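Based on the sequences and whatever the hints tell you, model everything.
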Amino acid sequence: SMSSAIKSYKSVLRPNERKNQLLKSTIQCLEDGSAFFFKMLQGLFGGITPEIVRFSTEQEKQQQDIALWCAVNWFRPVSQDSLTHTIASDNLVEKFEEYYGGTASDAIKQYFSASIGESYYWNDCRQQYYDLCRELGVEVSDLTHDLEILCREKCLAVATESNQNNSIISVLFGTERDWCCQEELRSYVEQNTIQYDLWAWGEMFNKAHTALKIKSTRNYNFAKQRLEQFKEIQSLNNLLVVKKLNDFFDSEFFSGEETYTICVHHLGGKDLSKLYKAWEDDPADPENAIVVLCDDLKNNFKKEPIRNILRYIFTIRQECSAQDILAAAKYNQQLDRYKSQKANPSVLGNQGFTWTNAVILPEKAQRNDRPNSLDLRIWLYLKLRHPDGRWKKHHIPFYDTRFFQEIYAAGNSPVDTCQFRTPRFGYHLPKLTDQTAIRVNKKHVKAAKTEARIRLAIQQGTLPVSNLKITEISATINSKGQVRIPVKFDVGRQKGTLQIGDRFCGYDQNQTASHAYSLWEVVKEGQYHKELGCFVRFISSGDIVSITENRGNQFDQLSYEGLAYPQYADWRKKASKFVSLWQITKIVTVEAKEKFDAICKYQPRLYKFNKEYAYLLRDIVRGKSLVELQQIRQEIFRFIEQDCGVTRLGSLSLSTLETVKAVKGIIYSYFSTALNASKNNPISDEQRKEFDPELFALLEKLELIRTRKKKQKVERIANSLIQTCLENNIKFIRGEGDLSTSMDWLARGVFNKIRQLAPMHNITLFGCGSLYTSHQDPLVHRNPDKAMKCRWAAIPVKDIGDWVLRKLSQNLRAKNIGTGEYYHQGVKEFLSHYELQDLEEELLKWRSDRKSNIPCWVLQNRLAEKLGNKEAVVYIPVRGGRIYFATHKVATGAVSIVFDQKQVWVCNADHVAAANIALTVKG
Amino acid sequence: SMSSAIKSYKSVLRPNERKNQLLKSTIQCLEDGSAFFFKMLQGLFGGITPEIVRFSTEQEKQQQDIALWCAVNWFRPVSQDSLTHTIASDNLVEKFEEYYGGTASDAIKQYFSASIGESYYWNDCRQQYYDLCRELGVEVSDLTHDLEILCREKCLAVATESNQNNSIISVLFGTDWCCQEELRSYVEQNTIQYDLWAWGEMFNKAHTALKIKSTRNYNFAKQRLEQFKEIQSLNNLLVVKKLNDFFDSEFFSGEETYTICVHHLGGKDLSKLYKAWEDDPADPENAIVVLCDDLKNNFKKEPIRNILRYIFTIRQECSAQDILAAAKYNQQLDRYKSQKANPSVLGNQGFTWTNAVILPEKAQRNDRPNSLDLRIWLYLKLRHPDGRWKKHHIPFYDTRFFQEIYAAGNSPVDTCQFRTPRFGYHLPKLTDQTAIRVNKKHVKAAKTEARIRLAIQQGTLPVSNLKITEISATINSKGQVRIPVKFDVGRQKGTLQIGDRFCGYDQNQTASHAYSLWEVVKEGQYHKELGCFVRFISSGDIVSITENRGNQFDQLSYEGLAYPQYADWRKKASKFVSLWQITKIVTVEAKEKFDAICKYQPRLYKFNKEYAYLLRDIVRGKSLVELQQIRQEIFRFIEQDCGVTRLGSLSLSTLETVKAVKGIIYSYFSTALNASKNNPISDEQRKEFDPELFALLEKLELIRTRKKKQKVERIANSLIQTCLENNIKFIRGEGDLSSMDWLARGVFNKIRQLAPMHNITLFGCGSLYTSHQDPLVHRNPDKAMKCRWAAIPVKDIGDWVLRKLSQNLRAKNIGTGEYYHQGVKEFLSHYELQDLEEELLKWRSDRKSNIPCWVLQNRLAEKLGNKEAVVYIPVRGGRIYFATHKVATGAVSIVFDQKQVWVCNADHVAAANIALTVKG
RNA sequence: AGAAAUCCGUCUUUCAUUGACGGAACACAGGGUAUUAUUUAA
RNA sequence: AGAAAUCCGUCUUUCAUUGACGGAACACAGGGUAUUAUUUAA
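Protein chains in written order, with this note's numbering: chain A, 1 to 923; chain B, 924 to 1843.
Any given hint could turn out to be false.
For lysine-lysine, the following DSBU-like pairs were computed, each having C-alpha atoms within a straight-line distance of at most 30 Å [to be verified]: (1) A/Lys679 with A/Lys701; (2) B/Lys1822 with A/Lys431; (3) B/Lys1771 with B/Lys1514; (4) B/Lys1445 with A/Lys10.
Note that these hints are calculated values from the structure, not bench results.
Okay, here's the thing in structure tokens:
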């Protein structure tokens, strides 16, 4: 029982001059000792034998390679700091064979036959072990004895058996009773570092041992993976297909400045074979199959294949092959990985040192609370090492309003109680009234406000008293004075199992990166689901939103797409001016206003406008002269910094993030154009900075904005989903991920964040594999039937344009290519419902720009005849439609209709996708 | 740990001619035996003795009166059908003292000293018992002995010890008794040859009637004795004379008078009305109005204002303690004088056949491809003329019973207890390929079959999991059958735990219900009354919605079309008012009053109520020949285009409209007949005079009753669905699980009926000032209350706002007014208008010097910049409540009078208050 | 074991032969506290 | 135990000294398918 979770806090210590020097000296002492154990432990682990690896490997599920474990511990790439006995990339195998008494394994030969860091060199750890045995004055076998004991007692970590924390110090030096070298080891360590202290030696050992063990295990896995890479590297029959794929770059399809390796995912992987199969249809519109496949790949899992290279493959499709080219792409991948990725080196690292029971308890705290301001300090009582050598405890203060608010502030409520004072845990601070009168520096106002609210709560007798029962708090401090504080708490008895009455939910991600949730209940009786093996019921549906108010107006940071067209006329007007005055880009036609009009003719919202205008500015900058670029430089600055720039406005929507990316592209295109970079002179970050420092300043700021925006978006999505769970007694959450030890940054972030957050509220998280969850029919798919449907959209017939017919034709010609078939049949249903079958053949003839194309007003007249007027609503099977025709009511607000003589629920498609993940068991 | 629930079905049996005679003969035989058993059991119970009552009453929790139990069983008022030994209304005390051997108690004497039904007479049960002992050929003590044995063995029901269900028949007849043979011969001679089931049913009917009436008479006699003690308590009857001299006085124009009970005066709180009246005379009824509002808000009946106006006339002289005691005296005297004692008559209950319905799994189905077999069969034992009992099949029809249970499911995996939306199953909707062609008088039922049939072809119909082995069926002389299905539900509790979810619900002044959903949490904000930590989940409004071509109407609160959308109806109404002219002071030719309606731009149902009142007023004075045409216009009002017989939601507005239309017809009848106080009219005269209009009276009352029933059911359904969607396990409402509104009583009793079906636990409490309590602050621990506010733009502050401010300000003394008083104070302090306070104290109804509304508007516009700003005004029945915490969904945070406040839906606050109540 | 039957009801200036839905049973003198759109703009 | 300190961040043509809010930590060739109102009426 007892689920446990950790919440942590971060700040920087603010000691005075004496204590600051004490802390820095203590931390430097701890580094110096840590590096010393690093070298000595490097020698010890160099001294291990195969038999030891046998005892440590008795219990493992997978039969382990002893020779490789011995190799990774006996030879390491290290920095100059921890290098004693150098060895060359030739002598490695020769000496290994000498040490093991057998032929060097093929996997070990790959480990040795590897690229190494520029600043890292090889080291013979066994020879280091022998020289350590002399420098200790003991016989080799005595220290081998002691090492045998330590590995047995799990005092040290061996191949797959991790150590028991820091027991080695108490076992060996604190006075597992038979040592040969104990006195020598203790004197060696004590002479080289500092006088015996259990805590200090423990921290030194921990840092050194952690670095060495993680890098050794990484090298073992790396050697096996590299051997498999090599075994596949010779697999190719002939690099003829590989040369033609690589020669893609030479041909006219690629105009890019710089070349890149062609990996399997660029081709779409396995489905490219399906693509050729769809290509067998004819070359009538290879493009439609390209687009459908790419769209499906981007929707489900992998990165969308780049279309250009696939058009070039379409050029050579008959000769080269499907299997042969795709294996050729695999060859490109494997060779580049084999050559590029170096072997992991063993270097000390920059982790901090942890003081145990370092924070004074909140009830035992000392507060200088004044009536007009509380005491916002949290004190640590650390042991520090003076120059003389004695250890004494000193008080060091730090500031953290979050830690103060959630835990550290003293609550004075007689009856009220809480674990953490934060809205996600159920507590809201009383808002500030118009009597507040905060007067402090601006650079503190936010923090001051928090204090005010807390103090107000204390004044009202409202501040709840924490019930965490904290007995000790650790604190982890680094050389920069940054402190990290973990609070570990108990949550509740563990569930894990899904009974009747239990509530679960699923969540899915849109193409526009907007999330949606679907909440279900396990019921005693009703509708049966074969995958789950129980009876399910639909509770509710909705979208994930994170809302803030600005003078009473609500903005959803996660999906706000900006001002509508008519509301940013002036900004548009300024853009118009710049586009008018300036004139076209490199075919030297189109003096810019035409494109601007095209952007404005769609009447877009503000952030889409900003993205498209950023694309237009990079295009404009592209050809222009060095003297011309000065003028444009000024306008770029107003675009990025004034009135509506991404540095001033932008929500957390996908639109805003791509706008920032496009603005970065503007600056990069500026730098390329001015520098005339090409294959002869590949401009670097350094050259951009030296050339133009301020615009590099802008580039840095933009990447910073971007990173913070992504982090904030992930945190907010997780928060919104957790609140929705908390209000609806949801006990289980399912998302697109796997919990073991191909992805989107948003999908990865949200999944790992919910993994972090759900155990705090005793909510159990599951991961699954979302394959075509956008199209599966809830309660029908895999129960037991395996049923799919297409996505629809609802549009008034007055606005059926040429693109509706283009989409209809494209969906109809795509029966063979994967997700296309559901769309093909969808069009069939459409034709069956509105009785337009006669047009089908003419729709087959609908090609890109034919004059003889059946026009849209024909369709409008037929649909108006069929529905009476031009304002009636029709449903059209289109990709990424917002309407899903569900067999059952599995979305909130879904309505019931009859389409093609079939009972149907008009549902939010995204809500259907969320339900489909909620009903998934296979990951 | 296994609670039970019952769902029942009602229908009518449709046997053929032969089986119809068999069934009617069986039922008539069963009545005849039941009536015989009634007379004989009346005699047997006439023979009980005090010692028997002791032996049955030893283990009573309370102290019981044996003499009264003996008396109520020894003398009964009966109908002529079961009357044997007539006894006169004088001789009872004498004969009772003869039979008991002691002085007849005054408590027992009151039961004898009573009014009785016109067609009911007293019965000497002792002499009937004596002669029954004769006719059996036995001695008195032998049957006293067997009666003792029967009473001891819980075979018969004596005062507090209910009988065993039907052990008597098997115990006394089924094969150290003394008389067994004589009694068996007696029953079998009079009734029919021994059958355990038939004799059991006969006995059950007779015995049940007798025991209910005996216990009821015991309670009635005790209550009457206390009423007599309190009626005779009052020394000087002068004050009551002053009340009815009120009746003679001018404050009354109604056709007929009535007894003046305590609740007409406001009860206890009337004393404070004096205390309020002592404050200041000049403006008397302001305090009166406050109390009426106060009384209507709580659980009480509104005192009629007219009587208090006269009471104020005589307040100084007639006194306060004397007036309320005198009103209690009138109440007690009329109750005592005109409530009869409960008589023992056989009754119309039906007879229950056990295991009478063929199981659904063993049923015979003549299923055709275009129509299923919608018959449910019974296999009943019936008595032929020869005397033998034989089983026959009789079919009946019930689409609800068929849909929920009886139809066979063909889904491999789906399952259900009942196929109804409240239990989680929705029938597949009909497609445009359905093609139903049947009689119109069946289309609804046909539609149900179609849906079920469609569900069957799709493999969708879930298989019931009720595990039914036997079903009873209760049949009466009219062929009406009732079928109870009893099902297993789950292990309840009264132990709210952590994670348990509860809710409360309250009812508005406009009969609009609201619900508040809370959770018991491990940590957070403590509630002293509950003894736990609570958290607020959500809040809402109870709605029951139906669609009409995609437009949603809430039956519970739809107030009808908006003004501009019903011009035509108004034109007709306007024309009729135009042509016609005023009513009795015979001024004000009707149109102007009509415009008084239209100037407020009301919605349709409010318009219909007010216009119905106006037709009533018109009808009042008019001549007999004139009424000729007014009748036809009344008819169009009630029957065409928008009359209540065609439109009307379930809102309080529509019900008041129906009440007003009935008032119209009653005023018609009075006006046409020129009935008066000494020349009264009866229903018989109304029917004979104008039969068709009495037919509309019938139809209107039927509509009223059906609408009320539907409203109660829909409110219960909506609340139960809301609970089911939110894992709510507890419900709390204003009731007690054993002074009321029919809606409050009905909703509480219906939720009591429905919640145990979903393993939901219902609690009742006492809603006192729940409209004003501050959630999580009231009784935590201090008792804090607040007034109700409303939000209005300053452009529309009128004279009535100033009136309400003045009235609330002068009402510090009278109960809830105190809170409203402070509200106005807070109001002024917030808007910095304290200077006006004194002038607001001078604001009387129609003064010329009144501070006008535009002063306030100019001042408030100054304070808030514009005339479109929103201000909060303390008004009675306001829709806004200023809560200490966020205890309503959609609540916003403001600062009022330098106090942080949540603007909450007031009704939602009341629901939260009901949810946090533990004392009833 | 006999093809008939609205089980009882509700809503809508919409009364619907595919409109949408709900139900254990018993037995006061004259009435305060709008929706689609879309038009020249802000 | 020393009166200072935005812990780190987000939103808004609103940048706020009472605006509203969120967070365990580690370590490619040129862009893809509106809201308040209230005005002559229905």
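Do the hints match the structure? See the list:
1. For the hint linking A/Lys679 to A/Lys701, the alpha-carbon distance of about 28 Å falls within 30 Å, and the restraint holds.
2. For the given pair, B/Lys1822 sits about 11 Å from A/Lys431 by alpha-carbon distance, which is consistent with the 30 Å threshold.
3. For the suggested pair B/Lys1771 and B/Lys1514, the alpha carbons sit about 28 Å apart, so the restraint of at most 30 Å is met.
4. Annotation: proposed proximity of B/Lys1445 to A/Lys10 holds, straight-line Cα distance about 28 Å (limit 30 Å).
Of the hints listed earlier, there is not a single one the structure fails to meet.
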